[PDB]
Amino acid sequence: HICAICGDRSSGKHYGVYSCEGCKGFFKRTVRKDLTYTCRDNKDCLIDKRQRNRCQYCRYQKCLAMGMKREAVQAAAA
């Protein structure tokens, strides 16, 4: 399958959307420690298998815009 957030390979659905190892973890750490990013431009940041790390704010936001949410919130160590 294809990561719906970047076009990278997908192991399978993660937190509710075909994603890649990269995106699964990015999302987890973001929700798990509840982080707030900023962004330098708008939300307009591109994002794909190549530029996904150029703007964390826009990466998380694209994750939201395709699935995921609570789910990942599996508390710590569970």
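Heads up, when I say rigid core I mean the largest set of C-alphas that superpose within 1.5 Å between the two forms. Residue numbers count along the first chain shown, from 1. Shifts are known only where both forms have a C-alpha. Compared with the form deposited in another entry:
Fitting the two forms on the rigid core leaves the C-alpha of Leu35 displaced by under 2 angstroms between these two forms. Once both forms are overlaid on the rigid core, the distance between the two CA positions of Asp44 between these two forms is 2 angstroms or more. Regions where at least three consecutive shared residues each shift by 2 Å or more at the C-alpha between these two forms, after core superposition, span 39 to 45, 69 to 73.
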The other form holds:
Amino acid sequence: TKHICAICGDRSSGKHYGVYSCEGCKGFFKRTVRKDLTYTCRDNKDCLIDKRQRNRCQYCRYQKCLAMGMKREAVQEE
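Now that we've seen the form deposited in one PDB entry, could you pull up the form deposited in another entry?
We keep it simple here and write out only the one chain, dropping partners and molecules.
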């Protein structure tokens, strides 16, 4: 591989919903959109996302997905 995840910095093989992303962030974004998940996420504090801490705050992760350009409309409701 040569691409990296725009969300968390993990290895990325391709683009998912408009953005270079890892299998993790692809799966996470899919589930969030499909289930209409809203995250309260205790203390968001610094919404820093990296491979080791991506699962710490779901709110911070989702917000980063949108900030980097992931498209809700690109998630097929199958």
